[PDB]
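Undergrad: Below are the chains, spelled out letter by letter.
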Amino acid sequence: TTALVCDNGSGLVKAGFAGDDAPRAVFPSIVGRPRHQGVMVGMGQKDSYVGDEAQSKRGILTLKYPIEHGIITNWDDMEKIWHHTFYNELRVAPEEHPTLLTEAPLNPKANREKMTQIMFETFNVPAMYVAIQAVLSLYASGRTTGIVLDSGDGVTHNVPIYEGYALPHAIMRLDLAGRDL
Amino acid sequence: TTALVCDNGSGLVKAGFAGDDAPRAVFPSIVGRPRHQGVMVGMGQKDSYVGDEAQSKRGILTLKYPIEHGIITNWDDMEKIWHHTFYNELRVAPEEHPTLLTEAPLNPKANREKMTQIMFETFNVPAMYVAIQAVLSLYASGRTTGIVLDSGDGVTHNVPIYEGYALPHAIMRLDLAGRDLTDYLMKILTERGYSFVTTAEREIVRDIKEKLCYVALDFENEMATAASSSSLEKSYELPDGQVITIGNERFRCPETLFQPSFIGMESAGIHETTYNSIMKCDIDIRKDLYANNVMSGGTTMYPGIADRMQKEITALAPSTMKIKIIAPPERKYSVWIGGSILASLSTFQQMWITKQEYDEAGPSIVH
Amino acid sequence: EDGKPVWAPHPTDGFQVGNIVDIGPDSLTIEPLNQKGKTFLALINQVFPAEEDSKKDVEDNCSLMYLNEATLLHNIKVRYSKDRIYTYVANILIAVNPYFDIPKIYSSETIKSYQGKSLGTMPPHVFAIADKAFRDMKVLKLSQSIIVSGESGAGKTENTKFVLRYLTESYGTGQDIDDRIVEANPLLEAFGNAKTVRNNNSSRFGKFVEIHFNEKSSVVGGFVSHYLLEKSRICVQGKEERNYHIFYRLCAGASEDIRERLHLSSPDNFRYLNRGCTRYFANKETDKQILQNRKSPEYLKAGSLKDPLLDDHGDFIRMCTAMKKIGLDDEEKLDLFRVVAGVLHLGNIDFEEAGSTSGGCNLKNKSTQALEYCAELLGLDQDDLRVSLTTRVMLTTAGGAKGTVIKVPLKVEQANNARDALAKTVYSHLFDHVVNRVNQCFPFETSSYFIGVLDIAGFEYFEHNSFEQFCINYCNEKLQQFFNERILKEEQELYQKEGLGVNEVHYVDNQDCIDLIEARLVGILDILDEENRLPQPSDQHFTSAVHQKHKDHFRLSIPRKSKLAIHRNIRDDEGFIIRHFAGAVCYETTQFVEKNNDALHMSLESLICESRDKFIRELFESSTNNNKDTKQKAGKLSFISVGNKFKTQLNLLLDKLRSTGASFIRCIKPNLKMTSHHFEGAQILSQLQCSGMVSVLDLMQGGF
Ligand SMILES: Nc1ncnc2c1ncn2[C@@H]1O[C@H](COP(=O)(O)OP(=O)(O)O)[C@@H](O)[C@H]1O
Ligand SMILES: Nc1ncnc2c1ncn2[C@@H]1O[C@H](COP(=O)(O)OP(=O)(O)O)[C@@H](O)[C@H]1O
Ligand SMILES: [Mg+2]
Ligand SMILES: [Mg+2]
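If you read the protein sequences in the order shown, they are chains D, B and J.
Take the first sequence: its position 95, counting from 1, is numbered 99 in PDB author numbering, and each next residue is one higher.
Take the second sequence: its position 80, counting from 1, is numbered 84 in PDB author numbering, and each next residue is one higher.
Take the third sequence: its position 17, counting from 1, is numbered 18 in PDB author numbering, and each next residue is one higher.
In short, the hints are calculated from the structure, not lab data.
A couple of the hints might just be wrong.
Computed list of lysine-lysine pairs in DSSO-like fashion (alpha-carbon distance at most 30 Å, straight line) [stated by the list, open to error]:
#, chain 1, residue 1, chain 2, residue 2
1, J, 83, D, 84
2, B, 61, B, 284
3, D, 18, J, 367
4, J, 564, B, 50
5, J, 646, B, 118
6, J, 139, J, 83
7, J, 479, J, 564
8, J, 56, J, 5
9, B, 238, B, 61
10, J, 162, J, 408
11, J, 648, J, 490
12, J, 412, D, 18
13, J, 596, B, 61
14, J, 403, D, 68
15, J, 562, B, 50
16, J, 646, J, 632
17, B, 359, J, 562
18, J, 367, J, 408
19, D, 18, J, 5
20, B, 84, J, 552
21, J, 412, J, 296
22, B, 50, J, 412
Short derived list, chain J residues pointing at chain B, Cβ under 10 Å [as the list claims (entries may be wrong)]:
#, residue
23, 536
24, 541
25, 542
26, 553
27, 570
28, 574
The C-beta atom is built at its ideal place from N, Cα and C for all residues, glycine as well.
I would like the entire structure built from these sequences, with the hints used as guidance.
TA: Okay, structure coming up:
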């Protein structure tokens with residue numbers, strides 16, 4: 005029934021059902037393991053904390069951003085991000101909805117393949133598609149023509165679209181803003 | 005009731021009923037498919053956009069002229085031209101009235117047959133007739149004698165007519181004006197550092213060929229002061245904001261029509277093809293062919309003709325004989341203003357090829 | 002037949018008598034009986050069998066030997082000159098408005114002549130249908146409904162009051178509800194009656210007056226219900242059409258000690274009125290009374306509209322007399338004029354382009370005094386209201402961490418559609434407050450069973466048809482479905498009751514016509530709600546998508562194939578032809594999307610609800626009894642819907658009709674001028690073919 009838009013930002017991963025208001029959950033793309041010896045013996049701790057809670061536990065962990073310069077480092081950390089997003093934020097079962105995933109305009113082959121394959125076999129979703137993040141920013145201001153400057157951590161892009169075709173030969177990708185800032 | 009004159013332009017298809025004003029629809033014949041992958045996902049897009057709608061969306065299409073070298077490319081594109089023309093302009097179904105179509109003088113057989121045959125089977129008109137585009141400018145000027153000029157992008161023709169009979173033995177057809185003037189303008193404006201490789205951008209070349217060019221009176225002598233410091237620059241502005249200042253090429257491009265040796269081809273200039281058609285007529289008739297030299301077609305709209313043509317012909321024609329050249333206003337619609345008078349009046353109400361007559365006769369009824 | 006006189010297509014009278022003197026496969030060489038030398042050719046659908054003696058008429062139309070649609074037309078031509086306005090056609094009563102008072106047929110002596118007697122034991126009358134509805138209620142254990150269709154002024158007002166007179170005098174024996182409809186007669190006329198091309202004064206809502214009966218079977222109360230008041234008409238009007246009649250009676254009829262309070266101007270100065278017709282209706286004495294400052298340039302140039310029963314100058318005066326009769330106070334009547342005058346100054350506000358930074362839209366310099374003189378009428382702050390008409394307020398708080406309240410501006414087209422969505426919310430909730438105030442002047446004792454009257458606007462067709470006539474005629478197709486559903490059920494409850502047989506007929510279905518208009522993301526209304534959602538809405542894309550996907554359906558063709566020559570001028574993406582129960586009516590698609598695309602922003606819906614006046618806060622619900630307040634913010638449903646909210650409210654009325662029995666009373670208008678004895682067979686034959694009466698005669702194959 006209701007589709008799910010889950011955005012693979014490098015921020016600030018954003019998660020919320022299809023329309024009509026705002027992202028349900030936003031938190032920094034951080035997984036962090038504990039770097040100090042345990043001595044209070046609850047034990048009470050996790051093998052890995054995701055955000056929000058990995059940003060409440062500052063100074064006791066070693067933060068690892070799983071997406072770096074426009075690519076995910078390995079899918080072992082990525083799946084734990086995913087598990088946190090579906091379960092303790094959105095709460096819904098993955099088999100319930102068709103999902104919609106985002107990518108970066110001009111992202112390396114075969115990282116959309118490997119992604120699509122791993123995500124189907126790990127979470128067992130019933131249908132899916134991947135739309136690029138710059139193109140979607142056309143829809144937000146509801147224009148059918150124009151050059152889109154979509155700038156987020158850690159990849160900005162410059163994509164030209166004209167009524168309503170995207171020129172494959174004029175797309176520019178900068179690996180610059182915002183983590184280098 | 006009324007008949008419809010729908011002119012199969014070289015350009016520039018013209019459509020309007022018979023009388024009393026001017027053509028109702030003009031658009032530049034093109035079909036254009038979308039040349040890049042879609043991303044807005046309405047889906048919302050036509051299989052092919054025809055003109056004028058294919059000219060309000062330049063740069064995302066692959067423009068294909070259906071009329072090229074004086075013949076239609078295929079009726080797969082042509083029927084879609086026709087359907088667009090009747091339906092989203094004139095607002096009438098072809099089964100309503102007798103139609104009138106135009107062609108190019110000395111048209112390739114059986115491409116006037118195949119045309120006539122296909123148009124009857126595709127649109128199911130109640131009557132059909134095809135008149136040649138040069139001859140119709142005779143009616144437009146209201147004359148009874150004289151040589152008639154249908155010059156369009158890119159086949160011109162030169163037909164002599166005498167009171168009011170046509171002469172089969174003196175008709176001349178040139179493959180030259182006006183698409184070779186367009187293609188040449190792109191070849192000598194590239195010569196001053198402005199490239200325009202793509203088809204859509206070629207339309208911009210046509211638009212400055214229309215607006216900014218003019219015909220020199222004495223080529224060598226206008227060329228001399230062009231070589232001088234003197235400013236012949238007129239500044240054009242382009243769709244992306246580019247400012248182009250052209251001088252020399254501005255009078256060079258139409259001059260191509262005199263002495264086609266600029267291209268290097270053997271074909272004679274309009275100057276001489278006009279003359280040689282007159283000197284293929286019987287000697288007594290020549291007396292009334294001078295001063296009934298009547299020009300027409302949109303490609304003759306350049307300023308500086310006909311009085312260049314006049315001064316040039318008067319130099320080649322025999323001494324102490326008067327030659328005044330007749331240049332109509334609004335020459336771009338001349339042919340259509342011809343057709344309009346003919347098909348509206350009696351006698352020719354009983355001279356159409358009607359449905360039973362066509363069905364009984366078959367395709368060999370055109371000649 | 003062969004030999005016997007048949008009906009022949011006559012221009013002014015519809016059908017004339019005639020004979021067949023040569024024949025073809027489907028063309029007949031018809032010689033007229035009374036004009037023998039004219040001898041024309043006519044088709045199979047223009048010839049119909051006729052009875053042997055023309056010196057007769059039928060009281061029971063099932064008694065015809067030749068029962069067809071031409072012999073039904075001849076029966077009400079002869080009976081009109083015998084002073085008989087009622088005609089029994091099976092379970093369908095055909096009542097013809099005579100436009101004068103016939104001797105002794107509406108009398109109290111006439112009422113006790115029919116009393117308690119069943120069909121086939123008394124001749125045709127409307128009191129034999131009203132007496133049937135009391136007996137096919139208590140014994141049958143089923144609530145009842147009288148369904149009234151037909152063109153305006155055809156007798157659908159007059160037969161309904163004779164039914165409610167007969168249920169009060171014959172069976173209620175009192176109960177004060179009969180003239181409370183009469184006491185607020187101009188009061189409910191002004192709010193819902195408008196002007197259309199075909200109808201000068203037609204009510205545009207589904208007036209559903211229900212009459213409660215208890216377990217003892219006494220008349221214990223009534224209740225007035227309203228359905229489907231036209232949303233688009235509030236803001237947009239076509240050529241020579243008007244808005245509602247209270248928007249002309251308040252403009253014309255307001256005094257100078259009331260107009261200085263409301264700050265009224267002539268209709269050319271009100272943006273929701275100047276686009277249609279601004280002329281007022283009047284009479285010879287009131288045409289002298291309309292003041293120089295009340296006249297618009299249309300009234301200055303062309304004066305008052307012509308019609309003997311309509312006066313817009315006097316009926317605002319006779320409206321305020323009626324508020325004393327029904328039960329409205331003198332303090333509250335003035336607050337019922339500030340809300341109506343606040344709608345008129347709501348439409349004048351306008352919104353231009355972005356300035357520079359942060360995108361969005363701003364107000365026009367000439368729309369500053371248009372917001373200040375409106376905000377004191379609707380009770381809103383002049384500085385806070387400008388923000389809500391130009392931005393979209395939302396939050397960063399929604400499911401994870403606690404955030405704050407952010408601002409996303411609206412586009413220019415999203416602000417123009419939002420200002421008209423506010424006027425289609427305020428006048429719509431005002432009209433439920435006028436009806437709910439009237440229903441509290443006679444609160445019912447109890448409930449159990451009910452005999453109600455459904456009256457609705459008929460099948461409307463003009464020279465060019467729009468979105469307003471697509472939603473009226475879509476309501477009449479569904480009501481035509483329920484008409485044919487009860488007729489097939491009646492014949493099925495007749496043949497084993499009287500022993501006639503086991504015979505059965507192929508039902509006249511219309512599911513392909515329903516599936517064409519509405520479905521599960523397949524209909525025309527399904528494409529229409531999709532077009533409102535698009536990044537840039539268009540009018541060329543809405544028409545072309547209908548014949549892209551819905552091409553296979555038979556009841557849809559391109560406008561250029563039209564049988565009527567006049568609609569062939571329209572081209573491919575400008576319109577479509579939809580075949581219905583009353584024929585193929587073409588519609589243009591110009592402004593069809595524009596009238597559908599209104600939508601209302603969350604903190605603009607939660608700003609007019611937050612109003613700084615007291616009569617206004619009462620308007621957007623909910624009552625004190627079981628009190629519970631509307632939330633400050635929301636998210637969903639943005640667009641909401643126009644063409645789906647009109648379909649959803651109609652589905653609440655079709656399922657209420659399915660729980661009731663049926664009493665179908667079709668009303669025929671005999672002439673245009675509304676004068677006695679006059680007869681037009683170019684208007685009478687057209688109302689048999691536009692009221693569903695033809696579909697019933699083509700379902701009747703019985704022969705009994
Ligand atoms: N007010 C602000 N000023 C400057 N930078 C900001 C502000 N708010 C957020 N950011 C930066 O923007 C980034 C989030 O960008 P985002 O749109 O989430 O990119 P993506 O969607 O590609 O992850 C954060 O890393 C943060 O550093
Ligand atoms: N003012 C002008 N000066 C020069 N050339 C023109 C002018 N206006 C139109 N043309 C040319 O004339 C052509 C149209 O000629 P037209 O009479 O339509 O020929 P045809 O009727 O055979 O199609 C166009 O291709 C255009 O390039
Ligand atoms: Mg991004
Ligand atoms: Mg030509």
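Undergrad: State for each hint whether it applies.
TA: Verification of the hints:
1. For a cut-off of 30 Å, the pair hint linking residue 83 of chain J to residue 84 of chain D is broken: about 90 Å separates their Cα positions.
2. Distance hint between residue 61 of chain B and residue 284 of chain B is unfulfilled; the C-alpha atoms sit about 48 Å from each other, more than 30 Å.
3. Between residue 18 of chain D and residue 367 of chain J the CA atoms are separated by roughly 43 Å; this puts the pair beyond 30 Å, and the hint is violated.
4. For the hint linking residue 564 of chain J to residue 50 of chain B, the alpha-carbon distance of about 28 Å falls within 30 Å, and the restraint holds.
5. Distance check on the hinted pair: residue 646 of chain J and residue 118 of chain B sit about 56 Å apart at the alpha-carbon level, beyond 30 Å; violated.
6. With a CA separation close to 36 Å, the supplied pair residue 139 of chain J and residue 83 of chain J exceeds the 30 Å bound.
7. The hinted pair formed by residue 479 of chain J and residue 564 of chain J meets the criterion: a straight-line CA distance of about 25 Å does not exceed 30 Å.
8. Under the criterion of a C-alpha separation no larger than 30 Å, the hint pairing residue 56 of chain J with residue 5 of chain J is consistent with the structure, at around 16 Å.
9. Under the criterion of a C-alpha separation no larger than 30 Å, the hint pairing residue 238 of chain B with residue 61 of chain B is consistent with the structure, at around 27 Å.
10. Between residue 162 of chain J and residue 408 of chain J the CA atoms are separated by roughly 55 Å; this puts the pair beyond 30 Å, and the hint is violated.
11. The straight-line distance between the Cα atoms of residue 648 of chain J and residue 490 of chain J is roughly 26 Å, inside the 30 Å bound, and the hint therefore holds.
12. For a cut-off of 30 Å, the pair hint linking residue 412 of chain J to residue 18 of chain D stands: about 25 Å separates their Cα positions.
13. Under the criterion of a C-alpha separation no larger than 30 Å, the hint pairing residue 596 of chain J with residue 61 of chain B is consistent with the structure, at around 29 Å.
14. Restraint check: the Cα-Cα separation between residue 403 of chain J and residue 68 of chain D comes to about 25 Å, which is no more than 30 Å; the hinted pair holds.
15. The hinted pair formed by residue 562 of chain J and residue 50 of chain B meets the criterion: a straight-line CA distance of about 21 Å does not exceed 30 Å.
16. Between residue 646 of chain J and residue 632 of chain J the alpha-carbon distance is near 21 Å, which keeps this suggested pair within the 30 Å criterion.
17. Restraint check for residue 359 of chain B and residue 562 of chain J: satisfied, since their Cα atoms lie roughly 22 Å apart, inside the 30 Å limit.
18. Taking the CA atoms of residue 367 of chain J and residue 408 of chain J, the gap is about 26 Å. The hint holds against a cut of 30 Å.
19. Straight-line distance between C-alpha atoms of residue 18 of chain D and residue 5 of chain J comes to about 83 Å, which puts the hinted pair past the 30 Å bound.
20. For the suggested pair residue 84 of chain B and residue 552 of chain J, the alpha carbons sit about 20 Å apart, so the restraint of at most 30 Å is met.
21. For the hint pairing residue 412 of chain J with residue 296 of chain J, the CA-to-CA distance comes to about 36 Å; that exceeds 30 Å, so the pair is violated.
22. A threshold of 30 Å between alpha carbons decides the hint, and for residue 50 of chain B with residue 412 of chain J the separation of about 28 Å falls inside it, so the pair holds.
23. Look at residue 536 of chain J: its Cβ gets to within about 7 Å of chain B, closer than 10 Å, so that hint holds up.
24. A hinted interface residue such as residue 541 of chain J counts as satisfied when its beta carbon comes closer than 10 Å to some beta carbon of chain B; here the least separation is about 9 Å, so the hint holds.
25. Residue-level restraint check for residue 542 of chain J holds (minimum Cβ-Cβ distance to chain B is 5 Å; threshold 10 Å).
26. The restraint placing residue 553 of chain J at the interface with chain B is violated, with a minimum CB-CB distance near 19 Å, outside the 10 Å limit.
27. Using the Cβ-Cβ criterion of 10 Å, the hint placing residue 570 of chain J at the interface with chain B is satisfied: the shortest such distance is roughly 6 Å.
28. This hint holds: residue 574 of chain J has a C-beta 9 Å from the nearest C-beta of chain B, less than the 10 Å allowed.
Hints 1, 2, 3, 5, 6, 10, 19, 21, 26 from the list above are not met by this structure, while the remaining hints are.
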